[PDB]
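Read through the structure below, which is laid out as structure tokens, and then see the notes.
Of the protein chains in this complex, one is absent; all others appear in place.
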Amino acid sequence: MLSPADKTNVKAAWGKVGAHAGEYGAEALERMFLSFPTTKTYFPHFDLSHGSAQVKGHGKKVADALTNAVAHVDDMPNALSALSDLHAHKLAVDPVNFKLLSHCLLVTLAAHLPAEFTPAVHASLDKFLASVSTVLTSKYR
Amino acid sequence: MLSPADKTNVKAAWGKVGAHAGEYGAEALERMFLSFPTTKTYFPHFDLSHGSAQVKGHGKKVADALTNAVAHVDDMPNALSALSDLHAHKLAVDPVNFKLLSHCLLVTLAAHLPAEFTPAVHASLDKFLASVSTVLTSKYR
Amino acid sequence: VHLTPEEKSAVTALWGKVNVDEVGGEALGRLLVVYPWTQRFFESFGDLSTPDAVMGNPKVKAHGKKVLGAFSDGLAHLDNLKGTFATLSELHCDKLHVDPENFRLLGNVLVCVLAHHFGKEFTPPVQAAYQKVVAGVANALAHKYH
Partner (left out) sequence: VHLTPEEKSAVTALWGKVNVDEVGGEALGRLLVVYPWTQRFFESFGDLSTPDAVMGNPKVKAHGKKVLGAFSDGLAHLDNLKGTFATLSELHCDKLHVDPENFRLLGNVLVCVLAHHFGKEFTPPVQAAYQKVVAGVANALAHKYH
């Protein structure tokens, strides 16, 4: 359950990301594939080669939903609803995988946002992420 | 999330345990300490020897807590708030330990209610234990 | 894996009393039933709409027996599971694409099914040894993921 301060941080942090989010969303996906190969199991149909256009374009689609999750900070459960069925109904992605991607956005963000990624902010974005991951995982049963 | 069939099989499964809830709370805790020793880090101030009195006693506090959870199956959060602020902030048990206590609960039930442990009841008890679990780990920071 | 004799003998005996047709079918059955997403890999098996159609499907049973059989092979190479399940691992990642987190569920489900079978005999200490076999198996099948 996010705090008024947590929000403010998530917002000003994602606010620096800016246009460079697809970038980050892709670098994250990639950081996840090399570090946690299990996760490629859900992407049998992708070209996971370093630099692939499929991945890159996907990284924009993830990065966006996040932007959207941000945009609807006080209504994530409903805002991201289509995404819950997909990852929960259709794809049935096991949650440990959400802990992992979240761990990579953090790293990623951390690698592009030096002055932004302060302990306080690192705490909030981690909180925001657990939340997104919580909603996209809920309709499991 | 519990659907009525679940609630219905839980109530029924549980109600059977009946006056043995107590004994199963212990068999289960005992089983968890043994099969998964890391969980023992949470009970240093206990004597965890075979059939010992702290577990016997602590066994009925757990099963009773389940019983109450059953009775309020339709509103577990209100029903557990207390236990929640204790496992989440005073003890702050990492959630993963919950999957273990839950597995062991199912094994003790399974070994004792043979006719009653159907693939539907197994399933329901699992969806149930999963919810008790989630409610006791809702404010982990 | 790091297995004690008093432990390595416990698993064994119990195991010898296992009715493979019955136990193996019920496990694979409770998985499709208790964790519905698994059904997505077994689509060629046929009707798995209801629990009662899961535990009775001849394909589920035949396949469960085969899983148990390999679980059986592992209690013989307990000191070298890596090499035993190497081939099935590839199979499970390259062809079948199953997230190795799923392996744990089957193993746990296996521990529920045995204890459902044996009651008293599947004591807390017998349970702990199988807890080890089952994890060792899961690791062994995850080893060759890349």
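For clarity, chains are labelled A, B and C in written order, and residue numbers in each chain start from 1.
Here is the rule we use: contacts are C-beta pairs under 8 Å (C-beta built on N, C-alpha and C of every residue); 3 or more make two chains touch, one makes a residue touch a chain.
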* If the hidden chain were put back, which of A:24, A:117 or A:128 would touch it? -> A:117
* In the whole complex, what residues of chain A lie against the chain that is missing from view? -> 27, 30-31, 34-36, 103, 106-108, 110-112, 114, 117-120, 122-123, 126
* Asked: So which bits of chain B touch the chain we can't see?
  -> 37-39, 41-42, 44, 89, 92, 94, 96-97, 140-141
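One rule holds in what follows: only the chains that are shown with their structure count from here on.
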* Asked: Can you give the whole-Å distance between the Cα centres of chain A and chain B?
  -> 32
* Geometric centre distance via CA averages, chain C-chain B, whole Å -> 24
* Pull out every residue in chain B that's touching 2 or more other chains. => none
* Would you please write down the residue numbers of chain C that are in contact with two or more other chains? => none
